[PDB]
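> Chain residues, written in single-letter form:
Protein chains: 2
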Amino acid sequence: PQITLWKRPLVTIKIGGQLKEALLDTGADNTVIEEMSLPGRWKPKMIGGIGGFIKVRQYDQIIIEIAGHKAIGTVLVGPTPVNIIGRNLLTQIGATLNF
Amino acid sequence: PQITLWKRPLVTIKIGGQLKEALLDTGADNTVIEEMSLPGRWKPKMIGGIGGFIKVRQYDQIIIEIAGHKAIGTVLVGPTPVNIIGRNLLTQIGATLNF
Ligand SMILES: CCCC[C@H](NC(=O)[C@H](C)NC(=O)[C@H](CCC(=O)O)NC(=O)[C@H](Cc1ccccc1)NC[C@H](CC(C)C)NC(=O)[C@@H](NC(=O)[C@@H](N)CCCNC(N)=[NH2+])C(C)C)C(N)=O
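Protein chains in written order, with the deposited numbering: chain C, 1 to 99; chain D, 101 to 199.
Hint data in this document are derived by calculation from the structure and do not stem from the laboratory.
Treat the hints loosely; a few may be bogus.
[What the hints assert, rightly or not] Only pairs whose alpha carbons sit at most 20 Å apart, straight line, appear in this in silico DMTMM-like list of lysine to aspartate or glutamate:
| id | chain 1 | residue 1 | chain 2 | residue 2 |
| --- | --- | --- | --- | --- |
| 1 | D | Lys143 | D | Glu121 |
| 2 | C | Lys7 | D | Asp129 |
| 3 | C | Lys14 | C | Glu34 |
| 4 | D | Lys107 | C | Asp29 |
Whole structure, please, built from the sequences with the hints as guidance.
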């Protein structure tokens with residue numbers, strides 16, 4: 001679909017068997033999902049942005065369906081304010097910025 | 101143009117007559133530029149990101165050229181790790197997310 005930017009570009013995603021609301025963020029290199037008890041092997045990571053850093057658990061090869069579109073890659077789980085779909089997955093669903 | 105996301109969506113901008121590199125950020129409500137001297141009146145404001153809240157100078161009705169496209173709006177100046185063009189200006193240049 002085509003998403004206008006008058007409001008935050010939020011779409012429904014599915015991860016770990018749960019449906020969530022997520023923000024399509026062209027300014028995020030990574031995908032960060034709110035704290036959830038996702039099973040699997042992980043490694044500690046620190047991610048930054050405006051305001052500083054937050055500690056997250058990095059999960060490799062996690063499948064997430066984004067607005068009906070399947071993707072698979074690295075997902076960071078931690079105390080993020082909103083669910084963020086970054087470029088690592090955006091490229092997988094064929095998302096582009098157009099103007 | 102159509103911008104894919106394999107690489108960060110960086111563009112050249114012109115603000116205060118000075119050229120800079122900025123990231124087209126669909127996940128940012130506002131446009132936040134690194135500390136710089138900008139002609140005009142400003143008011144103290146606080147914004148939040150992934151790592152926390154930071155203090156910024158809010159400049160209203162600023163003329164800024166984004167990748168050759170002109171926009172005139174709110175620009176926040178502060179300690180941001182990267183110059184970001186948020187939705188307030190992305191809508192002005194007619195940017196949409198597509199997939
Ligand atoms: C005028 C005031 C308006 C009101 C004001 N509004 C805000 O604070 C709103 C919610 N903030 C935002 O929309 C801010 C951007 C700042 C802004 O627009 O003001 N957005 C953001 O901060 C969004 C995530 C988010 C979205 C909504 C809510 C909370 C967080 N992240 C944008 C950000 C861009 C980056 C280049 C700086 N990306 C990231 O932080 C991602 N990080 C990365 O991709 C890193 N790997 C590399 C970038 C950082 N580099 C570095 N540290 N050397 C992260 C999500 C994995 C308020 N106080 O509520």
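> All hints, please: hold or fail.
We went through each hint and held it up to the structure:
For the hint linking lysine 143(D) to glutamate 121(D), the alpha-carbon distance of about 24 Å lies beyond 20 Å, and the restraint is violated. Distance restraint check for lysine 7(C) and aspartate 129(D): the Cα-Cα separation of roughly 8 Å lies within the 20 Å cut-off, and the hinted pair is therefore satisfied. For the proposed pair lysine 14(C) and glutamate 34(C), the alpha carbon gap of about 13 Å is at most 20 Å, so the pair holds. With a C-alpha separation of about 9 Å, the suggested pair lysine 107(D) and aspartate 29(C) falls inside the 20 Å cut-off, and the hint holds.
Violation of the numbered hints given earlier is confined to hint 1; every other hint is satisfied by the structure.
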